Structures are given as C-alpha cells and as structure tokens.
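Trainee: So you can see what is in the structure, the chains are spelled out below.
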Amino acid sequence: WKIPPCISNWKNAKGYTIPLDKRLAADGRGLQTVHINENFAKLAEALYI
Amino acid sequence: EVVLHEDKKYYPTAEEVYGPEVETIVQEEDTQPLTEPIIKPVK
Amino acid sequence: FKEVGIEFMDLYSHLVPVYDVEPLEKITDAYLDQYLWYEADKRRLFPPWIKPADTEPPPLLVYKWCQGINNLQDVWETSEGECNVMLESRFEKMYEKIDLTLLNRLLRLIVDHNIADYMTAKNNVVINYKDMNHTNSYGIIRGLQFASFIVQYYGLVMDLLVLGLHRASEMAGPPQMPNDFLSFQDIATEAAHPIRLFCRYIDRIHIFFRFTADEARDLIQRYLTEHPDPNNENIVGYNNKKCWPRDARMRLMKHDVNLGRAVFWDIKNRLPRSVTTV
Amino acid sequence: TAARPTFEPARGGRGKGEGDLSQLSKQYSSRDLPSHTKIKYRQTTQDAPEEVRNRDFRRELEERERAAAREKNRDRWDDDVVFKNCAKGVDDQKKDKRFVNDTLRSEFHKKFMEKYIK
Amino acid sequence: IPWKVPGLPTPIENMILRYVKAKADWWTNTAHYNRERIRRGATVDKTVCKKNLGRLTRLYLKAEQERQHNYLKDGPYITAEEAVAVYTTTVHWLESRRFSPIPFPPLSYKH
Amino acid sequence: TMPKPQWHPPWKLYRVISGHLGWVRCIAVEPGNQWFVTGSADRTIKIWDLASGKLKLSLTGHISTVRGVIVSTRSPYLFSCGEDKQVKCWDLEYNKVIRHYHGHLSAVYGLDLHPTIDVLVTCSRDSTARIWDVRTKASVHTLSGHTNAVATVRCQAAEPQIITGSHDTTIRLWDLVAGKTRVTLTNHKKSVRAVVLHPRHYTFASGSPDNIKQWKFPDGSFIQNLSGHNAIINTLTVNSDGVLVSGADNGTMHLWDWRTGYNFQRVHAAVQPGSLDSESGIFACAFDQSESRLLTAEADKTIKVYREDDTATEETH
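Chains as they are written, first to last, in this note's numbering: chain Y, 194 to 242; chain D, 16 to 58; chain L, 60 to 337; chain R, 433 to 550; chain B, 300 to 410; chain P, 3 to 319.
EDC-like mimics (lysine to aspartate or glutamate), calculated; alpha carbons at most 16 Å apart, straight line:
hint, chain 1, residue 1, chain 2, residue 2
1, P, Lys58, D, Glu44
2, L, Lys300, L, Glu147
3, R, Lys470, P, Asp135
4, R, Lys527, D, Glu43
5, R, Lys550, L, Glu66
6, R, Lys529, D, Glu44
7, B, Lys345, L, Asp69
8, B, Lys350, L, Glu66
9, P, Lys56, D, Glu44
10, L, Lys189, L, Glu62
11, R, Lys516, L, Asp325
12, P, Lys14, P, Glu310
13, R, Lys529, D, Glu43
14, D, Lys55, R, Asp479
15, L, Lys327, R, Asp511
16, Y, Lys204, L, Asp190
17, Y, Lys235, D, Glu16
18, B, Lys320, R, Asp534
19, B, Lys361, R, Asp534
Hints listed in this document are in silico derivations from the structure and should not be mistaken for laboratory results.
Use the sequences and the hints to build the structure in full.
Mentor: Here's what the structure looks like:
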C-alpha cells in the first residue's frame with residue numbers, strides 16, 4: 194500500500210530539479226508498441242506489379 | 016473482411032453482456048413534456 | 060520535415076483547421092504549387108468539369124449550368140415518358156482518406172518522381188497542439204501550399220470512377236480538339252448516355268440525368284430488387300426543400316421518389332467506401 | 433502558499449440563524465420575504481395516505497407490467513462501370529440502437545464531431 | 300497521453316481512473332452543451348467561446364490520434380484490388396489524353 | 003448454529019434502464035408505484051415509469067451533482083439536494099421549483115422528510131445537519147457535533163427522531179426539539195455512509211467498510227454484527243419481510259436476513275457495454291411500495307431492476 198510520489202510533466206511548484214529517468218518515467222507512452230499490419234505488403238506489391 | 020474506422024465495433028452488445036432474460040432499456044428524450052404535469056390537480 | 064501546428068478557426072457552426080508550416084518549407088511549397096498549376100494548365104491535365112477555374116466566378120458557373128440545362132436537346136419534353144434527375148452531393152471524407160502510398164503512385168503517374176516523393180513525404184508530418192503530438196499517416200494536410208493540386212487531381216480520379224472512361228472522354232472530347240465545359244461534339248454524343256451534365260466543385264458533385272421511361276423503370280427495378288419497400292416508406296425519409304412555397308417544391312410521387320433514390324443508389328455503388336462515400 | 437487546496441471545509445453553526453439567529457439581526461434578503469406560505473396537501477384522488485394504506489400494490493404493479501409487456505409485444509446503359517454494388521445486404525446496421533458508456537466512442541459524440549468540424 | 304504509474308496499488312489506480320472518467324464526462328457534456336448554444340446563437344460569454352474552441356480542438360485531436368492508430372493497426376482500407384482498379388483507370392485515362400508528364404523544374408527555366 | 007434463518011427467495015436482475023449521462027447518485031419511489039425519481043451527476047432529475055421502465059420526465063435546474071431525492075407522502079412535492087449547495091422543493095403540480103432552502107456552507111449529501119410534521123432534514127459536508135420547515139423555508143435547528151462530512155440521515159415519528167451517520171466514524175442520535183445529541187455511537191472504525199430503519203421491529207442498521215451493525219433505538223444497544231460484505235458500502239435498505247440489501251462502491255451487493263444476520267445471496271452485477279471494469283459501483287438502492295422490486299442506481303450510469311426468483315428452495319445454508 195505504498196504510494197510513490199507524483200513526478201509531473203507539467204507542474205514543478207517548488208522549482209525542483211529531477212533526474213531524467215525519473216522525469217521521463219511515463220511507462221504508458223513507452224509500452225504503446227507501434228505495431229504494423231500485414232496487408233500493407235499486399236497493397237504495395239500489387240501496386241508495383 | 017476489412018473493418019473500416021466508421022464501424023470499428025468495440026464494446027459488445029447489451030444483450031450479449033446481460034443475456035436474453037434481462038431486457039435492456041435505452042432511454043433518450045422523454046414522453047409528456049414539461050407542460051404536461053406529474054400529479055394532477057383536482058379539476 | 061519539421062512539425063506543423065494546428066488551430067481551429069471558429070465559424071460558430073463548424074470549425075475549420077488552420078495549419079502552421081515552417082517558413083523555408085512554406086516558400087518551397089509555394090513555388091512548387093505555382094509550378095505545378097502552370098505546368099498543369101499548359102499540359103491540360105484537368106478537364107473543364109474541374110470547376111474552380113480561373114475565368115469563371117461561381118455565379119457565372121451557376122449561370123452556365125442553367126443555360127447548359129436549357130440548351131440540351133428536348134430536355135423539357137415529357138410526352139413519351141422522360142425524366143430529368145438532378146443529383147447534388149459530396150465526397151464526404153475525401154481529404155481524410157487519401158492513402159499516401161496510392162497518392163505517391165498517382166503523383167508518379169503525373170509528375171517527376173522527385174516532385175512526387177516530396178509531395179508524398181510532405182503530407183507525413185507531426186501535428187502539434189500545446190501537448191498533443193501525432194503523425195498524419197493516413198490523411199493529407201489541407202494547409203500545405205500545394206494541397207489544392209492534390210485535391211483537384213484526386214477528385215479527377217474519382218470523377219473517372221463515377222463517370223467511367225467512355226463518358227468522361229465524350230465530355231472532355233478529343234485531345235486534339237477539346238471542347239469547353241457544357242458542350243459536346245455532336246447532338247448524337249449528347250443523348251448517347253443518360254449522364255448529360257457533370258461538374259465537380261472542390262468536393263461537391265453535380266450530375267444531370269436524362270432518362271427515357273424504359274431506362275428509368277429498369278433502374279427502379281434494380282433498386283427495388285436490392286432494396287424492396289412493401290410499406291411505401293420511401294416517401295417518408297425523402298428530404299425536400301422547405302424554402303420554396305408548397306406549389307414550388309418537389310411533389311411526392313412514387314415513381315419520382317423511387318427514381319431519385321435509385322439514381323442516388325447507382326451513383327453510390329460506384330465508389331468504394333474506403334476511397335470516399337456519398 | 434496563496435494557491436493552495438482546502439483539506440478541511442468551513443464548519444457551520446456560526447452565522448445568521450445558528451444558535452441565537454446571529455443575535456437577532458435586522459438584515460434580511462429579498463429571497464427571505466414571505467412566499468408560498470401555504471403547504472398544498474394531497475387530495476383524495478391524487479395519492480392521499482388514506483388511499484395508499486389499503487391498496488395492494490403488487491397486483492396493480494403486475495397488471496401494469498403485463499400491460500406494458502403486451503404493448504411492447506403488439507408494437508413489435510452504363511453497365512461497364514468498374515465497381516458493382518458495394519452495399520449488398522447493409523440494412524442500416526443499427527448503431528442508433530446501441531448505447532455506449534464512453535464519451536469518446538459514443539454515437540452521439542461521433543455525430544457531434546462529424547457535424548461540428550470540417 | 301497514456302497514463303500509467305509503474306508501482307501503484309490497483310485500488311488507488313482504479314479509483315483515479317474512475318474519477319478521471321467522471322471529470323471527462325463533465326468536461327465533454329459541458330462542451331456539447333456550449334457548442335449547441337454557440338451554434339444556435341444563444342447568449343454566450345466570450346470566454347466560453349474561447350474555452351469551447353479549446354475543448355473542441357482537444358477532442359478532435361484525441362479522435363485523430365485514435366484514427367491514425369486505427370489506420371496503422373487495421374491495415375489499408377483500400378483493398379488492393381480496388382487500388383489496382385484506381386491506378387489502372389488513371390493510367391488508361393492519361394494514355395487516352397496523350398498526357399505529357401511534368402518534369403523537374405529545369406536548371407535554366409525561363410519562367 | 004444458535005439461530006435458524008428464514009428462507010428468502012433469491013433475487014435476479016431483469017431490467018437495465020439507461021439514459022443518464024452521469025453517475026446515478028440517488029433513487030426514490032413514489033407513494034403509489036406509478037413512477038420513481040432518480041438524480042444523477044448530469045445535473046438532472048429523471049421521472050421514470052416504474053412498470054414499463056420508460057423515461058417519464060427530465061427536470062433540469064441543478065448546477066452540480068444531485069445527491070439526494072425524496073418524494074413527499076403528505077404533500078405533492080419533490081425535494082432534492084445537490085453538491086450545488088442547493089436544497090429544492092419541486093411542486094409536481096407544475097414541475098417547477100417553488101422553494102429553495104438556503105444556508106448550507108458546502109455540498110449537501112442527503113435529505114429526509116419527517117413522516118408527520120412537515121420538516122425536512124439535510125446532511126452536509128460542512129459537518130452539520132439542518133432542520134427546515136417546509137412552509138417557511140427557514141432553519142429550525144443546526145445539528146452540529148460531527149467533525150467530518152455528514153453522509154446519511156433518517157427520520158422517525160417515535161424516539162430519537164433524527165439518526166445520522168457521518169465520515170467521522172460516529173453516529174449521533176438526536177433530539178429534534180432541543181437540537182442536541184443524545185447518543186454518540188462510535189463502534190465503527192471507518193466512515194458510516196448508510197443508516198437504515200426497520201419498519202416494524204424498532205431497530206436500525208448502520209454500515210461502514212469494516213462491518214455492518216444492528217442497533218436498538220431508545221439508547222443504541224449493540225444487538226448484532228453483520229459482517230462479510232467488506233467494501234465501502236453506500237446504501238442499506240430494509241424490506242418488511244426482513245430482507246436487507248447492502249450495495250458497495252465496487253458493485254458488489256449482498257442480500258441479508260435482518261433477524262438472524264445471515265447472508266443468503268451475493269450479487270455481482272456486470273457493467274454496461276461502454277463502461278469500464280473500475281466503474282462498477284452502487285450508490286443507491288430502494289424497494290418499491292409493493293416491496294417486490296429492487297431499484298439500484300449504479301455507477302455505470304444505469305438503473306438496474308431486480309425481482310425475486312419464483313423457483314422454490316435450492317438454498318438453506
């Protein structure tokens with residue numbers, strides 16, 4: 194039941210300096226996992242043919 | 016069998032999540048407008 | 060390319076995107092747009108139904124359209140059974156759905172491969188608003204200086220899809236002697252097909268149809284085959300113009316309502332919903 | 433500092449009507465003038481508690497339920513064009529019956545964003 | 300921005316998601332209401348016009364990130380038979396009109 | 003096994019009513035089973051048809067979330083309260099607000115009508131309960147003595163006439179005449195968010211996330227301890243057949259024997275299609291005047307309606 198602190202991308206009210214790994218610790222935009230489809234291939238190859 | 020973005024069906028149907036015995040009621044705008052009243056005066 | 064900004068112009072009934080491009084890129088795009096339109100008008104790329112043309116104000120466009128309807132052969136005769144149909148519609152998400160790979164393919168058909176690669180890779184930028192960053196991987200950017208050329212040419216491609224190569228070639232005429240906007244080569248080439256007049260304003264379509272009773276009944280038979288109506292419900296959802304008086308609006312006859320819905324159905328089937336819809 | 437949250441509310445019991453009527457002030461709002469100085473009561477036809485007391489509610493509720501279910505039951509040239517009929521069996525695909533508990537993926541919001549941005 | 304705290308108890312995380320969805324609903328319904336008021340011409344403030352524009356562009360870009368993601372996930376919609384039809388129709392048209400392709404703007408172009 | 007519990011038939015959902023655009027925070031049934039009110043966080047009050055489940059009216063006028071709604075039994079009125087700080091009387095002859103009750107310093111969380119005097123009582127977040135005359139819209143007393151937000155309040159005709167739990171984990175049994183506390187019951191460890199009154203047996207129940215407790219009325223004696231529904235419970239309601247309903251913030255709802263304190267059914271209902279798994283939750287539940295339907299106001303912006311299963315004993319512990 195421990196609550197880690199809130200390192201915000203917007204508010205720095207007491208003007209602190211936070212290390213980059215703690216600053217860019219937004220996991221959700223790193224696990225977004227840009228994944229492609231397989232029907233791009235059929236389209237591109239058919240257009241070249 | 017391509018699904019366009021205009022359909023893109025998430026969130027399966029209310030009959031599919033509650034079942035056939037539960038009857039689902041979706042109510043947008045209402046019967047008897049605000050002039051037609053609740054409990055009627057003695058006329 | 061560097062990221063472009065976006066904001067919205069509020070027109071109080073709908074919003075319009077306003078795009079913010081880097082100045083060096085904007086100068087290169089503006090010269091490219093000038094060069095593309097000058098070389099397209101020399102080479103006669105756009106046929107005269109691509110409508111925002113230079114020597115035509117939009118009221119002159121409506122005036123030419125009206126006198127072009129009037130100057131069709133036996134256009135007001137209804138004695139043997141003949142109908143006129145006027146379809147006015149749009150290409151609903153025409154901007155939003157231009158696949159940039161196929162756009163590269165068509166632009167490499169038109170211009171040099173370097174210019175076409177520039178125009179394709181220019182549409183794929185990052186859009187920003189105050190926190191928000193995404194990448195335009197599917198649509199186009201309307202605010203590019205040369206986006207007008209891409210829009211009118213993609214609309215030309217879909218005009219070829221709607222009309223077909225034969226009737227569009229009959230409208231454009233021969234390449235050695237092209238005709239102007241609402242004019243054919245012969246009276247016999249006018250009445251060869253039911254599509255008589257056709258213009259395209261930027262994403263607005265205007266077709267005029269002349270039907271004999273046989274073709275009208277056949278096309279209504281095809282619509283009622285694919286979409287039957289046992290309860291006569293086609294007269295309910297039919298919109299009419301409520302601006303004009305009661306004697307002045309379109310009457311609700313079963314034949315005319317079925318013919319209007321059937322002509323709309325036939326034009327609607329000519330476009331894949333992945334390209335645009337109507 | 434100046435900009436700060438609350439973390440506790442202001443308590444009641446120390447102003448204008450709280451203990452001694454704030455020691456009997458002679459200040460009164462225009463919203464504190466006499467208005468609706470007569471309680472209306474339920475009449476015999478409306479739902480007076482004399483009439484509500486003897487009523488069997490389950491039989492009447494079952495009858496109205498049966499009537500509602502019965503009402504819902506009794507209610508219910510150029511052949512050479514490169515693309516054929518793309519919509520064959522699309523009988524309007526009842527999205528307007530679905531209701532979604534999501535303000536971004538609702539049908540009303542998709543109609544909203546389709547209407548108000550061009 | 301997709302919000303995930305790496306270590307956080309799931310009751311706190313679920314409760315925060317619940318109340319953030321509630322504030323999302325309030326924000327969005329207020330935006331719909333004020334947009335209908337601005338459309339009909341009703342009495343509105345100028346600040347509510349600016350706030351409403353700022354909410355509408357933010358909702359549009361949420362939907363637009365959603366649409367670009369659904370395009371990169373769900374493949375082409377174009378169904379390559381149809382794209383070959385489009386390309387081949389354009390080729391037959393451009394050879395029908397005897398079109399001359401636009402060159403690169405030359406090194407000594409007079410215009 | 004010291005007691006032998008009465009068999010109660012199990013309950014089942016048969017109707018999911020939908021149409022609010024916010025958390026449905028309150029519900030109440032009309033004295034004649036013709037309709038029922040809900041109040042929600044979309045700042046409206048909706049009259050629903052109780053038989054057909056059809057929206058009968060929608061009443062706008064609140065500036066914030068509607069927290070409590072009650073229909074008067076003596077008078078043709080509809081009292082409502084909100085996070086607005088506003089307490090209102092709706093004349094149902096006209097469907098318009100005729101009287102607004104002013105004086106709450108912060109949000110108003112619940113309200114109840116006295117069954118015989120025409121006196122409204124309200125809970126607020128400013129640690130007070132207020133006592134209002136309906137006819138003169140004035141504060142008779144300000145029940146102060148809780149230290150945190152006041153969550154729920156009830157009323158009797160008989161002794162202690164005002165019973166209120168609050169977020170300071172205490173429950174005060176009051177004097178309507180004097181305006182002072184008679185009994186402070188501190189037995190709960192977490193916040194009391196629902197008190198409920200039995201129609202016959204002159205006892206009451208109270209709920210907090212640790213456990214739920216049953217209590218004699220004159221001075222608050224401990225009688226019993228109903229445990230096992232360990233979530234943040236929001237409402238409790240009593241059937242005259244001795245069925246107690248406990249609905250929680252996590253959507254879980256338990257069905258209980260009043261007398262022996264036995265759990266005969268657990269109901270974990272499912273969310274609406276668009277809704278989220280973290281959004282299952284019950285804020286209100288109420289029986290109809292026939293006491294054969296259970297109306298629950300859910301956190302997925304729904305109203306779920308339950309009735310008894312007509313199949314015989316498959317049950318008994």
